[PDB]
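One protein chain omitted, others in place.
The first chain written gets the first letter, and so on, giving A, B, C, D, E, F and G; residue counts start at 1 in each chain.
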Amino acid sequence: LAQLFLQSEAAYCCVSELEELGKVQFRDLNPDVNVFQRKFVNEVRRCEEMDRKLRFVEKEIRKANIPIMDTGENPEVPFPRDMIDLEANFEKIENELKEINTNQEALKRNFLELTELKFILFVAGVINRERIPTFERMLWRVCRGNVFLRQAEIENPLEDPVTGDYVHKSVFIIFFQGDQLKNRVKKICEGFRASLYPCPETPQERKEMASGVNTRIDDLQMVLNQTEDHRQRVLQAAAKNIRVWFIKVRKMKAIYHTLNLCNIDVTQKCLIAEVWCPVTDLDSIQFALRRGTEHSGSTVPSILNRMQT
Amino acid sequence: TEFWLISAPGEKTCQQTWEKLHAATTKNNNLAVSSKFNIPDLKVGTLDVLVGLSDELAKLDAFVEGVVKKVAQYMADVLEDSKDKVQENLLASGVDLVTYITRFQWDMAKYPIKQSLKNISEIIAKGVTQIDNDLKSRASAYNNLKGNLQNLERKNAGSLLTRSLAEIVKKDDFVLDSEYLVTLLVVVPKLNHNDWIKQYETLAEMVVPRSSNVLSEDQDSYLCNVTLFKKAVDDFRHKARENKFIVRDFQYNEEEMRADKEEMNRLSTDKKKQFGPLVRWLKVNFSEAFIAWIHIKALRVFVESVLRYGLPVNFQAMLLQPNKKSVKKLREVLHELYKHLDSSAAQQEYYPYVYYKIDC
Amino acid sequence: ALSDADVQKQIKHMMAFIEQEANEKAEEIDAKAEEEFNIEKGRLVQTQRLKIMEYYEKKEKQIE
Amino acid sequence: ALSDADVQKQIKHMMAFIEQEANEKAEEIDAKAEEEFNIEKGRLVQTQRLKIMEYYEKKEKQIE
Amino acid sequence: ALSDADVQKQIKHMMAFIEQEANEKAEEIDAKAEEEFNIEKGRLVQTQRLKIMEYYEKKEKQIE
Amino acid sequence: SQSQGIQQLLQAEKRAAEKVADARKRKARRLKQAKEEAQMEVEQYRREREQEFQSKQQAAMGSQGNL
Amino acid sequence: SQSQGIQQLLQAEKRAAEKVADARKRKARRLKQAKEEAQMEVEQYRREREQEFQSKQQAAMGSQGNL
Partner (left out) sequence: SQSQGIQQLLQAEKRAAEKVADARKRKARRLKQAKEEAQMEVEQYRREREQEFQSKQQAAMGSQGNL
């Protein structure tokens, strides 16, 4: 057991270099002090937020089958203060991605919703013919089939939005002139597994509206396709930087956590710590310390002196 | 007592007889009793009004059915012309329910046929509503009278330990107009009657010896009166209690006993006087409730028949009086006879024809 | 639940309801038309008869 | 449990009570009568003596 | 990797660091003291100089 | 045979429209007749009161000279 | 013997009532006598003061006379 005193600016760099060397184990000089008391909490908290957010995006990356090879850059683990802004930049990217997917899902609903109308043009809606055998009978139960039903069958039906998958669709829906019974049918249609919300017209104008719908559908799909394309390009590009980032962030966290396990002096911006280290490797440690503090602009001697124990 | 009410599409005139007379095809091979159902020919507008009316009638039906059965129970509680084991129902149209239903007629007097159904329904609904409120109020007032009368009977019930003394104590039982003396009544169990007679004379200082006598007796104790000096009453009643005799908290009071006697006599007479008008009131209300009840069912028949078969409104409606254990056969017959019209529109209620039950 | 013959039957039934509704509505329209006939005729004729009477009274006042 | 002699003793005892209360009441009433006699005599005699003295004093004013 | 002579040398260098900071900090403090000196001096000088000028001018105007 | 039923429904709607439009035409016609007759009565009322006025005015001239 | 008991007690009550009524009668009489005696003393006082007044009145008139 030996004790080292050096300036805190030099200390950040030195700890980083020693962590890269990996031959020294630091002891906690303040065992009765919690993380808020150690005052690395803001740095750790930021690291933890960065980590979780990175992992969040990582899940999307992995689902997207991005190679994330993690073969370089990361090993150098630089730890400038500007990394905090880089952390924020990460948060922005994943947040953008989160908005895009949310938008896509809404777009998907609209796509499907318009697609159903496209198909329709009561109503020739989208039904799996789950309860239609009973829908008709329920109608007969409310009134004796006062109006004929419209029948249709969809070849290669569209993927039902609630289902999330593609099922054959078949429609048999009744229209009524009576208001009491129309309201009754409304209630049945709401209760039964049927697609009902068509806004029919018989005028040529409605066929023209249906054409406008097709146009809008195409525009929606175009925008969707571009959104997804951007998403994927961004995800893979981020996957490259994320493999590097993961380890960079982990290293920073480890460094700050190690520095918490220390006793910060009160009167000077200098840090004293006791560490265990191999005797034979002490020279190697001092050379690492020299390089670390040399990177630090203050070039504090950073002398590690053996204690008796 | 359940009757079945059904209606067929009536496409052919044979339906009039197929539901009654066609022994080859009719109910239990013409063994169930059937009769013609008299229906008014009323105006219908569009199908949605009919739909409304159907819903309304179903609700009115349930309401009145409840009301007429409730009032029937009210009369059962009265115990006049209707009991729970005999006389299960009251007369309707001045005839028995079996007679009424069997020869049921439409009451055009209440529901003119020149009116729209909406108005007919509203009129019936109003009638049965008024009847309901009239009899509810009357029954409540009567029940309150019955309550008070029973309360008085109970007050004047029990043994001498607790029974009111209104019918027991006479002026000649108390020592009245004394300056020093008061007469107390104490209940001594019969087993200790002689002990009381022997002991009462020595229970307290300054009591009048040999004054004790017996006012009343029952299966457990004797009620005896003793005259004593006012100030010894505390010692008297204390020591009497010590010897296991119970003193009643009673003093002679002519006005309270007379008031109790007349109040009971009055309430009993009032019970009789209301009973008189009670049975006439309730029986008339029943008659009208039952007539309206079946009228409602007839309208439910009209509405469903038109709603299912369209117009013109010519349907063959018939009543059955089911025979015991033949329900299955009748349903099988009716199904085979009429299933071809609906095949699936009509278990718990859906049959391929208009069908209602009458619960009597 | 229906064969073609029964679908046709159901349609005939609807048509029947359409016809009954129209017949009733027209009857209602004509009845109200007659009520309004008498009401408006009264309003107008009484209104102007009144105006005339008032002017007449004015002529009598001028004679006075 | 009590003989004719004892029931008569009890009756005499009650009568003795009644007589004792009667005597105490009559004596108390007579004593109060004596007190009220003197009280009313004082009230009356002083009231009118005062009136007499006042009229006398008025006589002095008349002499003046 | 350092001898006692070298450890003591580094301790001396670290003390030199402390002395250097002490000097730099004190110099900064004295510089600020001088800045505050000149700032407050100016404020006071101008404030009262202006008041004197105003009295002079008022008297001169009064003479005219 | 679905198109036949649908066509029949359309025919029913057409007939309904005819029934109602003709009822509206009849309402309008009866009301116009009512107005024409009312005005005729109004004119008669005017003619008669005017005649009465002129008669009284002429009598008044006879009274004035007499007076 | 319930009636003999009460007979004796009601007769005792009668005697008590007579005794207290007589005491009240005595009170009433004594109070009247008390008022009569008070009034007699009032008259004695009246006579005495009236006599002094009349005595002084005659003396005063003679005195007024000589002056």
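Keep this in mind: contacts are C-beta pairs under 8 Å (C-beta built on N, C-alpha and C of every residue); 3 or more make two chains touch, one makes a residue touch a chain.
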Sole residue of A:69, A:199, A:279 or A:307 that reaches the chain not shown, by the stated touch rule | A:307
Specify the residue from the set A:5, A:40, A:90 or A:256 that touches the hidden chain.
-> A:5
Extract the touching residues of subunit A with respect to the undisplayed chain.
-> 3, 5, 265, 267-268, 270, 272, 274, 305-307
Across the whole complex, the chain not displayed is touched by subunit E residues 4, 7, 11, 14-15, 18-19, 21-23, 25-26, 29-30, 32-34, 36-38, 40-41, 44-45, 48-49, 52-53, 56, 59-60, 63
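Going forward, only the chains that are shown with their structure count from here on.
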Between subunit C and subunit A, distance of the C-alpha-averaged centres to the nearest whole Å = 70
Chain-centre distance (mean CA atoms) for subunit B and subunit F, in whole Å, is 64
Pull out every residue in subunit G that's touching 2 or more other chains.
-> 1, 5, 9, 12-13, 16
Multi-chain contact residues (two or more partners), subunit D | 7, 11, 14, 18
